[PDB]
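Got a structure for you, written out below as structure tokens; questions coming shortly.
Note that one protein chain is taken out, while the other chains of the complex remain in position.
A, B, C, D and E are the chain letters, set down in written order, and residue numbers restart from 1 in every chain.
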């Protein structure tokens, strides 16, 4: 985070012990369940790339994921370098140097420069850009660490329909399917993978049935 | 949440780790008991649509319920578009745009626009409007996840009357009864579903008996 | 709660997660023991009717008690309406309870000159309805609190004045019971010692005597 | 507690949920061990009589002690009335205890020139009444604290001065007991060593000698 | 602690429930292990004598140590009176907080020049606590000997833990690396340590016996 002191100068505020401990415990408890990504975006709110690396470094295990996270950050950093060229004009007084991909990731940039890009006019939100790469790389990890595929989620003979749909849309969240696929799967794979008792009831409802009606029907 | 900084500018303050952890743990412990809904309204006090989505996304399980919650949000968003039409023509620079249904849900609107609408005179409470849609969709989930119907709540032979009334008005809360239906059932289903020993005492009290007198009578 | 922001405007501040969790856990743990009422009044300090309903609604179980609490709130609301006819607008009984009044209106009445403490009025009704619940949920009657043969006198007096608190006896009755029902319901060994002390004996001297 | 708001007006701020929960848990865990009194004085720092009653009312059990505590508060209130006749109004004994005085009046007396600290006066009565409870609830007397044959001297002295704190001994007795009752109640092995040290021995030298 | 209010007036702020509970639990858990002294100095940072006595009084057990702590406070108070004959000038009993109000203590602390009665009194408490830690140390440094199968890392943890409670100088701790640490090692690690020769850091010694 960044704060303006009484002098009007933009200074780096330290990340609190509650936030650091919160981020450590959720990774310890939830590993890489899909809800970890919204929790990371919440705890790292308004953070600099320096603060984002602090939170990533504090994670103890899961170094296979962290090494993959670095590779995704390197790929996004090289993509930034390509389509943002480094202009040959002399650096205007009071304006900062143009942010490079490695500067946004925080490897080759100081904390003062990061505050400079974030607070100057126009602002270059290197914190938000870098967090976009991290969440992007974390989504890939969640997709890989997902144990079951959506095609294998089939309802049991005695399993309640409510529990089956919980597993179905849990798997669909880890596989990071689009929202339209999630809405579409209601009338396609969800009915197909149901047991013969619920499937007969679901087909009788016909097309265009909301999930509310489908769970009421198999109750 | 929103805060007025030292300059007097309305800035978005981070949702605290205490609030986030509180909302996560209540969903883990209480699932979808009726008291979860007041807890959400309390924890999400003064939140932007961005903050409401943060709280909803951090929920780990119950993806069947969350998928139904999305459908109810889409239905309320489309209803907003119907009776508040928006002329989405190109708007002059610096001019607040009229809130669309998807803007209230937070999918197609920035965090700055949401603060703009909320801290306006007169205020356009996109945070409160969106919370109304969420609680509306949450009440439907509680009704569905309610296991027993009010008609099946019958007092046992040796069960104390106090415990039976605890179960009765708990079931009646999940089934989302009106206050008049809850007040009226005191002289209808509560007496009818009582055991023969207490029912004889309750009929002797006659009409117009408060719940206080009924519980004293069967003690 | 209510706060004055930097601008000088009276704004509603959100009830903290600590208070909400504190009030939920004490109802979960203590149910309706007499010490829950002072805990409620303490946690709901300076609250609007909106905040009071939030704390009451967050209670999970005990819906029999909450339904009785509504009836006591409705009875007090009609009594307010009878004593205050309706011609900022003057608060109606349902406005004090928070059913037919906005959060801005409640802040208006509380931060007015002269102030109309709708929060304190409504909390007075809530504590009133909660006291009836504590009396009802009291398991034993004060007449049934009798000291055991091997029970220490200290424990018997702990049970005695605990029951007397749930039955909502007056402070004067509580002071008076020291020489009447407390001595009468004691076991024979301590009762002989208590009568030897005579009239006008403090509880300090009584518990020292049966030690 | 009391706070000066933005306007400069002294307003009552609510006691925090941390403080209330802290005071509840210590009474549940420690009952009436001597350290509960300094814990009470710390948590109730700068409190009004209203806040002191809030903390006292939130205590769940120990109603025998709470009933004795009321009697000590009444006795100190009557002593105040005798030394201070009643003609801002002058605070009477029942006003200091907080039964017959509003929260605004209590703020008036505390934030006055010259200040009448009814909060500190009432806390002095409470701590006085609580010390009587700790003195009574002490299980063993100082004369019965004797060192075992195999008990280490360190543990015996821990028990000795723990009892002496609950028995609310004076500072002089605590210093003096080092050379009298601490040596007298020691076991024959340590007592022989303690007498060899002679007069005027600090507790440091006595515990080093029996190590 | 002390705070400057909105008016600019120095008022005493209440010690927080977190701090009090923190100080109570560390004494319950750690008893009088050497790290309790720095924990006390940190939690009682900027405290008045009134606040220091609040923290000392809240300790439940260990009244033998607390009684010894009182005697050391009395001895240091008499030493202050001998060097300083008698705003009023603070006497020894005023620094300990027995014969001085909370307003006087704030007066001395927020004075020009400041009379740090809080820092002076904390120096006496830490001094008396150091004596307690030295006494409550169970083993002597001479009895800390490495086992036959004990790892060298664990032996050095015990060695310098004992050496901390026995309150050895910083120089004594550094010098013992090649003297008593090697002498009290097992014959397998001792042979390795002597081969390293003089002037070996603790890093090289633990790598050698790994």
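Here is the rule we use: a contact is a pair of C-beta atoms (placed from the backbone, for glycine too) under 8 Å apart; a residue touches a chain by one contact, two chains touch by 3 or more.
In the full complex, chain E touches the hidden chain at residues 1, 4, 8, 16, 18-19, 22, 30, 33-35, 38-39, 41-43, 45-46, 153, 156-157, 159-161, 163-164, 170, 173-174, 177, 201-203, 206-207, 210. Touching the omitted chain from chain A are residues 5-7, 14-15, 17-18, 20-21, 24, 54, 57-64, 66-68, 70-71, 140, 144-145.
Operating definition for what follows: only the chains that are shown with their structure count from here on.
If each chain is reduced to the centroid of its CA atoms, chain D and chain E end up 27 Å from each other. Chain centres here are Cα averages; for chain A and chain D they lie 55 Å apart. In this assembly, the C-alpha centroid of chain B lies 47 Å from the C-alpha centroid of chain D.
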